[PDB]
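K.L.:
Let the hints inform the model, and build the full structure from the sequences given.
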Amino acid sequence: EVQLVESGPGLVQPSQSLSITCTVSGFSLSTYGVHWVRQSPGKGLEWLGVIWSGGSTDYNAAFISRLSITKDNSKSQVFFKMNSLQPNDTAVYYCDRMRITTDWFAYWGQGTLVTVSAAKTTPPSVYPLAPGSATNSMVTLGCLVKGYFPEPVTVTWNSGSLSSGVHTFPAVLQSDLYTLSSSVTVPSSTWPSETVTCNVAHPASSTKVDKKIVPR
Amino acid sequence: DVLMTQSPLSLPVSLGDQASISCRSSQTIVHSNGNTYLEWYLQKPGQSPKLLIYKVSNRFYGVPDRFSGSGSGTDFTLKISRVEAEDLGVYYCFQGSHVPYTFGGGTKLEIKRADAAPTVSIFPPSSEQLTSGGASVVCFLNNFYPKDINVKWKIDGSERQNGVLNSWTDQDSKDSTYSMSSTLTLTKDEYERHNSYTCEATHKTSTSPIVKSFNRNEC
Ligand SMILES: *[C@@H]1O[C@H](CO)[C@@H](O)[C@H](O)[C@H]1NC(C)=O
Ligand SMILES: [Cl-]
Ligand code: NI
Ligand code: NI
Numbered sequence: 001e002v003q004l005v006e007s008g009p010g011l012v013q014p015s016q017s018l019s020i021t022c023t024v025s026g027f028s029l030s031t032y033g034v035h036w037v038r039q040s041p042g043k044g045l046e047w048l049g050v051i052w053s054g055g056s057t058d059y060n061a062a063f064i065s066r067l068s069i070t071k072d073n074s075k076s077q078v079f080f081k082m083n084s085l086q087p088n089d090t091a092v093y094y095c096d097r098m099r100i101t102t103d104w105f106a107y108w109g110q111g112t113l114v115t116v117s118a119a120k121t122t123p124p125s126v127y128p129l130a131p132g133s134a135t136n137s138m139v140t141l142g143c144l145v146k147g148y149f150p151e152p153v154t155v156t157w158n159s160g161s162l163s164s165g166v167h168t169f170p171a172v173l174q175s176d177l178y179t180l181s182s183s184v185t186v187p188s189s190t191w192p193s194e195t196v197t198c199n200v201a202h203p204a205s206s207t208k209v210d211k212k213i214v215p216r
Numbered sequence: 001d002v003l004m005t006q007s008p009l010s011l012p013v014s015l016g017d018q019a020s021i022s023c024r025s026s027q028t029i030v031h032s033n034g035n036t037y038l039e040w041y042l043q044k045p046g047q048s049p050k051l052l053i054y055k056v057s058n059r060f061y062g063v064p065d066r067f068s069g070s071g072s073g074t075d076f077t078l079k080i081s082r083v084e085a086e087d088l089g090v091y092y093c094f095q096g097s098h099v100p101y102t103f104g105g106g107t108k109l110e111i112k113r114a115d116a117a118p119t120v121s122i123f124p125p126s127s128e129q130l131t132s133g134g135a136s137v138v139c140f141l142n143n144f145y146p147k148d149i150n151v152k153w154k155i156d157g158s159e160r161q162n163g164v165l166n167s168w169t170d171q172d173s174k175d176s177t178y179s180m181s182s183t184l185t186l187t188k189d190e191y192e193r194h195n196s197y198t199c200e201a202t203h204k205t206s207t208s209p210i211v212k213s214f215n216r217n218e219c
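Protein chains in written order, with the numbering used here: chain A, 1 to 216; chain B, 1 to 219.
Treat the hints loosely; a few may be bogus.
Unchecked claim - Calculated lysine-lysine pairs in the DSSO-like style (CA-CA distance at most 27 Å, straight line):
#1 B:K147 <-> B:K112
#2 A:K43 <-> B:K147
#3 B:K79 <-> B:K108
#4 A:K43 <-> B:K174
#5 B:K44 <-> B:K174
#6 B:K152 <-> B:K188
#7 A:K81 <-> B:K50
#8 B:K188 <-> A:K211
#9 A:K43 <-> B:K108
#10 B:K112 <-> B:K174
#11 A:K212 <-> B:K188
#12 B:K212 <-> B:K152
#13 B:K50 <-> B:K79
#14 B:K188 <-> B:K147
#15 A:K43 <-> B:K212
#16 A:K212 <-> B:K212
#17 B:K204 <-> B:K154
#18 B:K108 <-> B:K174
#19 A:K43 <-> B:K55
#20 B:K79 <-> A:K43
#21 B:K44 <-> A:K43
#22 B:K152 <-> A:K43
#23 B:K50 <-> A:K75
#24 B:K188 <-> A:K120
#25 B:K112 <-> B:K204
#26 B:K44 <-> B:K112
#27 A:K43 <-> B:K112
#28 B:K154 <-> B:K212
#29 B:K174 <-> B:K204
#30 B:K212 <-> A:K211
#31 A:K43 <-> B:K50
Think of the hints as simulated: they come from the structure by calculation, not from any bench.
P.N.:
Here's what the structure looks like:
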């Protein structure tokens, strides 16, 4: 009977502020503390702060100067406000109950992904990765997806019908745009006769691109 | 701040075996009120963390009896008695005793399997990318174990560090292997000024590296 729902922006410009609302149900903010935690991409959890039943707050020492937590008891809302965001404040931000005392209300928000960037919406370029001249049972093919913003893109092969032996790598930042690749291993007994095509979708730009992988 | 030192960073186990994860605090985390607010969380890919153990040794609602927390003072331990598939993920200790509250660095619980060498594939830049004035050389290192690997790029015998981006998959659910992409991005001008491109992978399975290379003039 317990949840925390979050509302906040997915995209913040550098030097602008971040505001997230956490709406609690199944317990009272007048009796229990609520905490804020973030997780930077590929890093561990970091505790940011807490607002206690009575309204006082404590913060992580590195955030005291730019973070404030407030709340509204009657509406079961907790407000996270942080100033002067930079690219390295990109993270998933969570509200949650932790430091469990007399209760069993130890539940977390689903989390709000916040990306801090000045980049404009940019569709990917999609390039085929076909074997260079260099013959066992499998051939490795791929698609290079370069220079898009924001995340995500989705990559499928043969419209989702080819799912075995696919590895789609996590995207990485190159300057202020994202890049990733996807590899697929297919039988040399069926390729190129049986075609292989990566399908790349970038919802933010309404881009849908097909790249057929052919021998060089 | 109280530093929480969590070991090991990574913990390979076979299904059915026992896992032991350690958390050491830089000072005592017994609160004035007599409680020790030591908590263990499990986070699975793409999900919020979930509480397993609170106040050092109390199992949270729904948490199986195979999870056991113990310790006192500055030394704490999570034991998982017979590891199942649903237990895989990253474990974090947390102290809620002294503000500011703090997390351990995490422990990745993963499947132990037989060592496997990577399948290495190298791709020259596509004609379509070259047409655009860019030149990316991609190397895939697929289906290897353990996850520890080092990839070197050599251009005409000389190691290149600038403009290399690496990305790693999570442990595969089917075969428990890891994969990696390594991508070297150059200008078309830079690409056309050198001949030999090499992706060199050093992995536990061989004392000698796997060496994949192409020569631009042989394309
Ligand atoms: C990284 O974080 C520091 C504060 O810890 C900040 O001063 C700096 O501007 C940030 N840099 C980027 C590139 O986000
Ligand atoms: Cl509380
Ligand atoms: Ni040179
Ligand atoms: Ni070639």
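K.L.:
Indicate, hint by hint, whether the structure satisfies it.
P.N.:
Hints, verified against the model:
Between B:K147 and B:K112 the alpha-carbon distance is near 11 Å, which keeps this suggested pair within the 27 Å criterion. Using a Cα cut-off of 27 Å, the hinted pair A:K43 and B:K147 holds, with the two alpha carbons roughly 17 Å apart. Pair hint B:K79 plus B:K108 holds up; C-alpha atoms about 14 Å apart against a cutoff of 27 Å. Taking the CA atoms of A:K43 and B:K174, the gap is about 25 Å. The hint holds against a cut of 27 Å.
Simply put, B:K44 and B:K174 have alpha-carbon atoms about 17 Å apart, close enough for the 27 Å limit, and the pair holds. Between B:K152 and B:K188, the direct Cα distance comes to roughly 21 Å. Compliance with the 27 Å bound is thereby established for this hinted pair. Distance hint between A:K81 and B:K50 is fulfilled; the C-alpha atoms sit about 24 Å from each other, no more than 27 Å. Proposed proximity of B:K188 and A:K211 is supported: the alpha carbons are some 22 Å apart, at most 27 Å.
Between A:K43 and B:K108, the direct Cα distance comes to roughly 12 Å. Compliance with the 27 Å bound is thereby established for this hinted pair. Between B:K112 and B:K174 the CA atoms are separated by roughly 13 Å; this keeps the pair inside 27 Å, and the hint holds. With a CA separation close to 23 Å, the supplied pair A:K212 and B:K188 stays within the 27 Å bound. Our distance criterion of 27 Å between C-alpha atoms is met by B:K212 and B:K152, whose separation comes to about 11 Å.
Our distance criterion of 27 Å between C-alpha atoms is met by B:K50 and B:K79, whose separation comes to about 16 Å. In summary, the hint linking B:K188 to B:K147 is not supported, as the alpha carbons are separated by about 33 Å, beyond the 27 Å threshold. For the hint pairing A:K43 with B:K212, the CA-to-CA distance comes to about 31 Å; that exceeds 27 Å, so the pair is violated. Restraint check for A:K212 and B:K212: satisfied, since their Cα atoms lie roughly 24 Å apart, inside the 27 Å limit.
Note on B:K204 and B:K154: the hinted pairing holds, with a Cα-Cα distance of about 21 Å set against a maximum of 27 Å. Of the pairs offered as hints, the one joining B:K108 and B:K174 holds, with about 18 Å between alpha carbons and a cut-off of 27 Å not exceeded. Proposed proximity of A:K43 and B:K55 is supported: the alpha carbons are some 25 Å apart, at most 27 Å. At most 27 Å may separate the alpha-carbon atoms for a hinted pair to count; B:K79 and A:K43 meet this at roughly 23 Å.
For the hint linking B:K44 to A:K43, the alpha-carbon distance of about 13 Å falls within 27 Å, and the restraint holds. A distance of roughly 24 Å separates the Cα atoms of B:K152 and A:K43; the hinted pair therefore holds under the 27 Å criterion. Straight-line distance between C-alpha atoms of B:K50 and A:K75 comes to about 25 Å, which keeps the hinted pair within the 27 Å bound. The straight-line distance between the Cα atoms of B:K188 and A:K120 is roughly 25 Å, inside the 27 Å bound, and the hint therefore holds.
Among the hinted pairs, B:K112 with B:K204 is consistent with the structure: their alpha-carbon atoms are about 14 Å apart, no more than 27 Å. With a C-alpha separation of about 18 Å, the suggested pairing of B:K44 with B:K112 holds against the 27 Å cut-off. For the proposed pair A:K43 and B:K112, the alpha carbon gap of about 23 Å is at most 27 Å, so the pair holds. Taking the CA atoms of B:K154 and B:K212, the gap is near 10 Å; set against the 27 Å cutoff, the hint holds.
The suggested pairing of B:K174 with B:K204 holds, with an alpha-carbon distance near 22 Å, which does not exceed 27 Å. This hinted pair checks out: B:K212 and A:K211 have alpha carbons roughly 25 Å apart, not beyond 27 Å. Taking the CA atoms of A:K43 and B:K50, the gap is about 17 Å. The hint holds against a cut of 27 Å.
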